[PDB]
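Take a look at this single chain in structure tokens; it is the form deposited in one PDB entry.
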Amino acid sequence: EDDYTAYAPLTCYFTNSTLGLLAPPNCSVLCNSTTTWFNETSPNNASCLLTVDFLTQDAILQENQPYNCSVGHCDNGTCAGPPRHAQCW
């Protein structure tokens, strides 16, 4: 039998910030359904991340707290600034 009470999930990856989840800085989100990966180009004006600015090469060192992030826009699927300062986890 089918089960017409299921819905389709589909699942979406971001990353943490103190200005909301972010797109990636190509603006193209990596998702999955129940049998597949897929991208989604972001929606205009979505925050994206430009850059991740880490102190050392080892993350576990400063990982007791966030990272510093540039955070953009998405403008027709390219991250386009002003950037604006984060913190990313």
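Think of the rigid core as the biggest set of C-alphas that the two forms share within 1.5 Å after superposition. Positions refer to the first chain, counted from 1. First, how it differs from the form deposited in another entry.
- Of the residues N44, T41, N32, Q62, just one CA atom moves 2 angstroms or more between these two forms under rigid-core superposition; it belongs to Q62.
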Given for the second form:
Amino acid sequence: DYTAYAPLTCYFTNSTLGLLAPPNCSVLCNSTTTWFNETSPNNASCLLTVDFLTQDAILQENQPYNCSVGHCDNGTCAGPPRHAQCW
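The block above covers the form deposited in one PDB entry; next, return the form deposited in another entry.
No partner chains or extra molecules come along with it, only the chain itself.
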């Protein structure tokens, strides 16, 4: 395993429009040694809103839900929103 490849694991939301960055276009990542944020690239798909009854998350319900998707614009998620299903 000479000069082995460097894995980077980053954490997204699953959706019908693919993996989404958060609304602030900053993704949590982990190298072999560290946890840090990386700014999403401009035009990456990002979560704008999540559209379920707030109490469902308080009850930690493990069910898919309606969400809206935008694109990253200079470190913030921008609309106009598109519909998607998130889980």
